[PDB]
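Asks: The residues making up each chain are set out below.
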Amino acid sequence: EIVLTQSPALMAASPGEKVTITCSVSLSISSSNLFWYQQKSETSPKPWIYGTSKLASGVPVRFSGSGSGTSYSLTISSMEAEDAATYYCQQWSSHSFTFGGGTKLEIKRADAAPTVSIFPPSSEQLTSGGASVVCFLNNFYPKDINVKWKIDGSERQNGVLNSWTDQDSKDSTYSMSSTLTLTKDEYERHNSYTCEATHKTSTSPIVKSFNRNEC
Amino acid sequence: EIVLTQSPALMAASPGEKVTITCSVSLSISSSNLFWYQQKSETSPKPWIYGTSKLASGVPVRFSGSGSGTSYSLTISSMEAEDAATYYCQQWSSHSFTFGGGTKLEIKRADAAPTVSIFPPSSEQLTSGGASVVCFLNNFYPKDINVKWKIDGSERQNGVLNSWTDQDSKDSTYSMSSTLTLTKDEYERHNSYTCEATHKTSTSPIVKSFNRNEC
Amino acid sequence: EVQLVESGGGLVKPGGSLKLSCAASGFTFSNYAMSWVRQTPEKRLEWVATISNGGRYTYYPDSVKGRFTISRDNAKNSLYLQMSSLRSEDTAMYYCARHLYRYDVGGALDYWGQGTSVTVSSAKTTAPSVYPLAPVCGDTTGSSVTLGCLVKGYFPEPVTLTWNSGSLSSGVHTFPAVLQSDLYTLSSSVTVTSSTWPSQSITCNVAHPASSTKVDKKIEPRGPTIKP
Amino acid sequence: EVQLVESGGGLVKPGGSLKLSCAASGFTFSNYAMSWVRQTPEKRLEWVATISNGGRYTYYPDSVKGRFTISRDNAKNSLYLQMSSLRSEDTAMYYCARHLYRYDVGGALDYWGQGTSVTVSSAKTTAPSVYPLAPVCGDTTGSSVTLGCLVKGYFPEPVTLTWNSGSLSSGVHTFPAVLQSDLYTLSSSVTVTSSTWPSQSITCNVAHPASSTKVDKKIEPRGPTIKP
Amino acid sequence: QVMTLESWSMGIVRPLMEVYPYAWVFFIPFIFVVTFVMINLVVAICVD
Amino acid sequence: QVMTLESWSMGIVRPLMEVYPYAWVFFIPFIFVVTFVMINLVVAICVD
Numbered sequence: 001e002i003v004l005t006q007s008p009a010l011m012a013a014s015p016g017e018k019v020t021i022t023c024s025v026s027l028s029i030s031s032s033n034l035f036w037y038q039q040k041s042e043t044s045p046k047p048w049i050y051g052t053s054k055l056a057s058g059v060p061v062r063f064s065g066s067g068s069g070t071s072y073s074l075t076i077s078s079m080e081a082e083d084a085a086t087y088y089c090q091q092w093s094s095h096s097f098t099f100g101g102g103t104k105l106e107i108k109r110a111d112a113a114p115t116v117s118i119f120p121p122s123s124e125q126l127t128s129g130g131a132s133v134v135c136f137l138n139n140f141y142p143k144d145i146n147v148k149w150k151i152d153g154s155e156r157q158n159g160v161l162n163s164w165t166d167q168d169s170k171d172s173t174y175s176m177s178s179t180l181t182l183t184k185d186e187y188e189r190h191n192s193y194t195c196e197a198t199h200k201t202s203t204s205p206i207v208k209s210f211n212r213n214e215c
Numbered sequence: 001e002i003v004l005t006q007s008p009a010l011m012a013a014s015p016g017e018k019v020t021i022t023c024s025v026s027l028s029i030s031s032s033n034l035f036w037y038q039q040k041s042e043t044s045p046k047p048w049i050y051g052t053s054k055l056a057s058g059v060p061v062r063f064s065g066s067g068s069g070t071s072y073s074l075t076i077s078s079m080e081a082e083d084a085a086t087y088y089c090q091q092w093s094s095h096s097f098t099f100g101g102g103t104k105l106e107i108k109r110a111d112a113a114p115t116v117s118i119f120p121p122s123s124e125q126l127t128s129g130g131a132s133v134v135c136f137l138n139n140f141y142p143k144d145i146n147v148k149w150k151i152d153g154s155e156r157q158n159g160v161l162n163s164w165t166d167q168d169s170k171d172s173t174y175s176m177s178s179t180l181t182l183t184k185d186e187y188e189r190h191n192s193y194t195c196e197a198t199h200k201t202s203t204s205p206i207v208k209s210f211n212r213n214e215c
Numbered sequence: 001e002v003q004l005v006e007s008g009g010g011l012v013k014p015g016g017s018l019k020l021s022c023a024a025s026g027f028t029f030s031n032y033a034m035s036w037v038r039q040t041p042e043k044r045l046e047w048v049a050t051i052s053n054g055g056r057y058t059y060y061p062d063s064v065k066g067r068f069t070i071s072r073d074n075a076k077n078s079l080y081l082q083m084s085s086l087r088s089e090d091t092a093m094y095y096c097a098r099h100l101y102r103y104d105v106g107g108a109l110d111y112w113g114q115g116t117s118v119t120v121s122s123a124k125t126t127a128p129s130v131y132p133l134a135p136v137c138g139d140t141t142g143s144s145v146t147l148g149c150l151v152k153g154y155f156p157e158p159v160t161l162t163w164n165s166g167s168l169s170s171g172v173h174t175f176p177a178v179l180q181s182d183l184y185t186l187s188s189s190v191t192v193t194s195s196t197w198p199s200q201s202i203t204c205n206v207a208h209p210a211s212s213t214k215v216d217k218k219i220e221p222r223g224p225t226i227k228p
Numbered sequence: 001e002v003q004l005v006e007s008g009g010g011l012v013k014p015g016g017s018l019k020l021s022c023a024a025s026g027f028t029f030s031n032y033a034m035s036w037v038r039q040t041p042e043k044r045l046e047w048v049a050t051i052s053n054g055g056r057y058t059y060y061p062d063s064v065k066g067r068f069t070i071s072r073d074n075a076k077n078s079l080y081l082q083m084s085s086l087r088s089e090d091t092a093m094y095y096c097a098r099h100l101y102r103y104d105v106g107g108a109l110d111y112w113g114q115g116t117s118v119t120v121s122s123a124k125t126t127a128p129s130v131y132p133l134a135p136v137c138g139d140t141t142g143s144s145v146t147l148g149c150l151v152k153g154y155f156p157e158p159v160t161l162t163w164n165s166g167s168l169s170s171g172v173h174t175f176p177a178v179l180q181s182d183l184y185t186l187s188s189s190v191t192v193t194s195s196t197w198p199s200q201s202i203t204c205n206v207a208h209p210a211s212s213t214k215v216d217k218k219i220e221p222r223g224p225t226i227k228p
Numbered sequence: 001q002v003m004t005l006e007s008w009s010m011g012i013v014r015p016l017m018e019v020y021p022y023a024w025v026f027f028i029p030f031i032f033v034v035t036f037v038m039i040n041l042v043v044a045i046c047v048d
Numbered sequence: 001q002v003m004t005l006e007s008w009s010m011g012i013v014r015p016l017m018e019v020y021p022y023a024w025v026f027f028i029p030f031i032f033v034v035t036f037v038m039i040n041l042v043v044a045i046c047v048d
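Residue numbers (our numbering), protein chains in the order written: chain W, 1 to 215; chain P, 1 to 215; chain D, 1 to 228; chain G, 1 to 228; chain Y, 1 to 48; chain B, 1 to 48.
Don't take every hint at face value.
As the list claims (entries may be wrong) - Simulated crosslink set (DMTMM-like; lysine to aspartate or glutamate; CA at most 25 Å straight-line): (1) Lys227(G) with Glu188(W); (2) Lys184(W) with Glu214(W); (3) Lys108(W) with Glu124(W); (4) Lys46(W) with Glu46(G); (5) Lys54(P) with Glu80(P); (6) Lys40(P) with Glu46(D).
Hint data in this document are derived by calculation from the structure and do not stem from the laboratory.
Pulled out of the complex, with its shape left as it was, chain W reads as follows:
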């Protein structure tokens, strides 16, 4: 069947910047059947543009995109801060639907250092024969960050559980959790446990750790 291809998959912007996406086609297709969709966080998507130029209801006048032939686009003139979502483009076929890949936009703000707080395992997991050292990293910009685990200087990369967050609408920062899960005997063979935060905003990775002081 017909297949579509998008560009770019990821692109960021600031309020006051004018952006334009692409939906590339694999064969020449008329204008009267090609549709746009917008999906926010945890929302079932909504129709956006019917028939490649005409807008739908509930759409402000800052939205247009046109053309013909084998290449189409969607241009936001004065981009708001609520336009950080994922788009889709559709084309109808002989008897099949075919959507696109996905087109995500991001909001930029100022740089910051990550805020780091490491937690010890609770007492009830120690009764269960296990241990789990969690090192939270919340409210940082941008998304790209790398962390390490140091057990008495030894860089351990085994038993690491990482998961990032959606871009917040409150401040446009990011958050992350890194988990060092151990066993009961492994947690008592060593003393120091160190999680660090390597980021482009500070050339020295700050150290937030804990000892076995009453532990």
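We have chain W; now place chains P, D, G, Y and B onto it with these hints.
Replies: Frame of chain W; chains P, D, G, Y and B shown alone:
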């Protein structure tokens, strides 16, 4: 215009008793426009019988009422305990609507003595220069009851606030509140305050009172 | 999805106006006729107005003729009713009703609304006063104990009374209020176990939205009136 | 009053069936066509089925032909979809969609539903374990304090985590879970004022409806591990 | 259905003209052609 | 109603074809009977 008249205004029954109401007319009227309605407690009414014999949806088969001419009726064969409500009958005219008066039914159960608890006025009303002696009477059957107020033997009937209750669906009893509101100087000129309950289930009215013991 | 709700109402001085509404959803509104039926608080029903589907033919009883105004707009899918120069015997409940058969006027009425209270009087809007209640004493101090809450001196109807934000609802007796000398008086009682009180602290919650009065009072277990 | 909700779904072993539904309300259901669109969790959309208004003409992609079953009943005003002999790449999100123009098939899609998750895997249904968190110490004991709650070892998706029955919602960071070795692991954190804690007692509320697990844990403020 | 002039406008053609906006060119000559035949099919009987 | 050609398609026959698939065989020859006799009736008056 046409006017309607009902009978009886009040009538009671027990489960296992077969009841029949009346809706009397003032002039001869055909059958095809006369409608019934049922109103529970604090519910906007619902249509009940369309066209003087045919039932509506959501109606069990124990409900019918018929006739012609100048007199109509509604008969419940095996009366439930949820049929204690108020009915209405409608007739359409030249260009006016005309409903009925209202037809209330009650559920009977065994007799009982009233449960009486009298409360003193609170301290904050005493600061406001007033007093209010409330004598509650809850969960009694039937509705008909008479109470008195005795202030050192003197039967006072001035300053009495009475209000009964709807028939409960839990036990088919009734409740009542009687309030003796006084002033601050009047509440200190006497000592004893007595509310009594005169009812057909006990030929001696029981006495629930309070004194000025630490009051 | 057939639904009928209302709006408007409240307090109007004798000599004022009021313009109600009726929201209709689910059927096709441009193929029925619609009519307002009123309910007196003395348990008697009465008819107010009606209007056909197209909006050109109205009908009125003679007892209120020339004073009320009823209209329809098809695209808005809602019903109006406009009043002017009211009287005192309009203190009752209102409803909004759809006729049974299509295109018809004056048959039966199958689906009503729920109600909106309108009272016209010559009183003044006040705020309630809440008083907790506690018994004097008890012989042998049995397990059945009762507490009460008194709401006296407010205007107008209605007021809301709950218990610990609506936690408990069993063994409670809500009483209908009585208007005495332009002040409403409401009383309530609740019967709990003598092991629950005073071990569990309860609070009479009173919500009076007509004067924006939110007074919460708890029960003091019979403090004696002594002073050294 | 245009609404579209769903039902069904859950966990199916590879080798089972599942029969979904779609509830439609508000428009006239006998004058549109209706179609199921699926959403992969790797952020990609895909089409499943469609059916015209009368219910006689169906269309199917070739990748799933002869396996799914779609039908309509006009009086019931709801949509079906019947599955049999599933596979492993059906672990995704489903939707129910109405076409744009009347009487049509295959144009656009204007009003969708909201979603229903279906996962087919070879794991076993377990119950979560909840662990409260508290920091070790702090230099100068500043006013910014953070507490956490760990939910590890449950199956399947989803699970619900609130704080004091959903009292506080500011300064909280809910994290997406990660599946490791047929056990889901979820973590959460909240940052409050050091004057609030331990003066205000908070409790991590975890609701796991797939195994009917309701474990509530509160934070102990760093009890030292000593024993005389 | 379209020959006997029943609901060819509010139920057949005007939903087609939301998708194929030159559909009238097919159905408006057709209403001519057969209806010409129809009245000629009356007049023959009158001659007979 | 089906004789005088009004709403025989979108109101009578086509909601019978959802249940009975072969319903048209009863109603399409009926249109070919009565209508025929009708125009024959018209021809009678013209003859006179």
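Asks: Taking the hints in turn, state whether each one holds.
Replies: Hints, verified against the model:
no. : hint                     : in the structure
1   : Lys227(G) with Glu188(W) : holds (17 Å)
2   : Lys184(W) with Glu214(W) : holds (16 Å)
3   : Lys108(W) with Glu124(W) : violated (42 Å)
4   : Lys46(W) with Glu46(G)   : holds (16 Å)
5   : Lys54(P) with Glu80(P)   : holds (21 Å)
6   : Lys40(P) with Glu46(D)   : holds (18 Å)
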